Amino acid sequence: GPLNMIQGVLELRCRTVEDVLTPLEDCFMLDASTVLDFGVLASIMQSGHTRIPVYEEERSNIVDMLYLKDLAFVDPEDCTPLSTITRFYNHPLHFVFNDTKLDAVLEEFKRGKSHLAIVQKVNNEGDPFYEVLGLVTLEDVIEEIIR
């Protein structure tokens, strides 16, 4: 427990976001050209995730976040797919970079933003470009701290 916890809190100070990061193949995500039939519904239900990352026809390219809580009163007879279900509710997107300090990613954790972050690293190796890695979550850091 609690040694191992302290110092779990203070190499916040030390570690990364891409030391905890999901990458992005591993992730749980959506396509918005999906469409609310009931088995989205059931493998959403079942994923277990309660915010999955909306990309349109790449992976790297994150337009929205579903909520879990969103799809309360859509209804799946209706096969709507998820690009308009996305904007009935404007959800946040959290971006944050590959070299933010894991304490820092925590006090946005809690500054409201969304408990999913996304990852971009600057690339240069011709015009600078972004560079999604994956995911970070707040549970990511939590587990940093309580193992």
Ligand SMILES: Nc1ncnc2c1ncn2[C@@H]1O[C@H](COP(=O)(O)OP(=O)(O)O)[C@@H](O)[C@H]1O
The other form holds:
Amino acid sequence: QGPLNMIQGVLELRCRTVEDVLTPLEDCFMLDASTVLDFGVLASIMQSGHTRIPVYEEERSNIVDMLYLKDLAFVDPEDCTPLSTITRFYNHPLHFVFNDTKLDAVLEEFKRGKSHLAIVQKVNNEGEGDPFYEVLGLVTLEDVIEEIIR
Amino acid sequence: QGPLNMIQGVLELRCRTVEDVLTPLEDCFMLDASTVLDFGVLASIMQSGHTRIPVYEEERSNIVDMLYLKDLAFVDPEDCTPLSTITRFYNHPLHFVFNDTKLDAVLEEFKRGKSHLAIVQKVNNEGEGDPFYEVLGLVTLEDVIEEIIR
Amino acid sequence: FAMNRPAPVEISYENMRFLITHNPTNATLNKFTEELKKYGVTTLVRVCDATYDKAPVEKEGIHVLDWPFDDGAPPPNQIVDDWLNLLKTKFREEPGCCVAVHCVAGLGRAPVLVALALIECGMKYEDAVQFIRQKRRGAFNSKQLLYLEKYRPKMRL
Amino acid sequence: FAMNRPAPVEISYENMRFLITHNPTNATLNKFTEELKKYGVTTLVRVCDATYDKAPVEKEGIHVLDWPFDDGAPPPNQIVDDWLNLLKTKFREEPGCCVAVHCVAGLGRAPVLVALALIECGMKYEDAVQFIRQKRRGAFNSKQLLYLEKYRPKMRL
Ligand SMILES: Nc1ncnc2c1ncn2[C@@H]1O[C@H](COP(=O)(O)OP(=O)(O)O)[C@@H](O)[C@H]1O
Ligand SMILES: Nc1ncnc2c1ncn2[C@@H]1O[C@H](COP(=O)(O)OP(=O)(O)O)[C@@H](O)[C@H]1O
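For the form deposited with this ligand bound instead of the form deposited without this ligand, what are the coordinates?
Complete assembly follows, chain above in first position.
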């Protein structure tokens, strides 16, 4: 039990990597760049219970900007304002972490820095072609916590 | 430093109480029950970066319902739909924790239960009058975490 | 444990049964009576002033009794005599019915009357407070605890 | 450390200077050139096909060069000869200028050309890769590493 289980949790932060803890792409709430912000998609956003939402064109693995909740502030549903207008009102920074990365580093950087959200890359060796970074999904601060508290 | 500092954090969960960790009322984002949901207050909600927002009448210490982000789903700004209509579309449960309560209990209950949010009471002995529970503010899961990770 | 709700409380003892309750508005008056029917109360004693209409509650057949007394005081001797006489007649009418008491603070003078009932039904003053405070923390002030100590059964239930 | 940005990369060596870059659209074309002016590039080599108009970039006075070759391949011998000859003339024109290379994957064939330049400027093949991969992780595939090993300086910068 318990606090003893948690202490092993913090001890295993140096062992465990982002790979272990992430939300993989297929379970991420994200929007297409070309999406319009009508009543329903706005409802869908506010249902999703997420404050930072990734934005892609047109394959899901191609993350391009972030939408924040605060970005939605004075938008009228069926203005029908398209998404990429609002993403173009702001530089929100998008942060990328490697899938290698040990959790204790990740936790300290989250302790430091701007966003609670990074998105996750591995390198890609097989293929004839050029090496590319391959998008795996999201990791947040709350992800790293859940290692400790379970 | 570091993970060693965190391990003391989990060890002190049995010591430390909600009193130590809470957000006191004066720093809580909350709405009056009689508030109308026009463009600006809706903007103010979506700026605040909170998903669960307490609702009071008409002194701030008198919490009555919770507003969720999901509750806002198909509302039109200047319908001008008043708040207490939307709070009356839903039973959202509101949970109360005592200011006495040690953090390790609180953490386990958050690990269990429905909301990530409790609101905080102490009993009240001084006064000539009846004893009452006095509202101090909010405690969340993220509050309890911050004890460990700092 | 350790987290709770804006919510009624029950105290049972022999075939006496009691409910301590929140205040409603008219706004949730019709829901409030449905709570009370669910506990099978025949009787409400308002011991603190409220503004709602009682007559929706009385229409659905609960005896409603307006017995207000001073904030954080002991009950005056009339009120205790009334209250005891009420309990006789209403547990005479139906054994294993419930009697609701409610204030606008559920700690204080509402549970005093319940503790008055429990003392004149058996249990020790020391014991009687404990059963209350287990159910609603921090339950009386010191004046009430004084009165509850200095109180003597006949023993007239 | 350990977190990063969709963002240009710089490699410096003697008075050679190189930029490896993301793709733009036309959508952020005007912002993209302003990055490049900020690093003081005179020269862009597109080594992978892109659709944007180059002529906004060329209007603001950067020499733009369309030298595409196969995905994940070594550069053909023309392209290396061209590329080396370009570097001579353009560091002749201004010492301590930058030359941009960009692809649509910044790992792969864009940094090959930079590693080709570094090898024919000094540093060991073993050393040359290391400076690249420190800056952009996992930088070449095995065919490119083969070619970078089997490569011989004259030493013609
Ligand atoms: N846009 C998103 N789409 C899908 N899952 C997300 C998104 N944002 C966060 N999550 C996931 O939700 C969990 C908790 O996230 P949290 O830090 O509370 O941010 P949020 O307030 O956006 O939920 C994590 O497991 C994380 O991977
Ligand atoms: N409605 C609110 N008003 C003010 N502060 C809040 C509110 N909700 C949460 N907080 C505070 O924000 C911090 C983190 O809350 P968190 O668990 O992330 O929920 P949220 O997603 O609502 O921010 C905590 O310190 C908590 O006390």
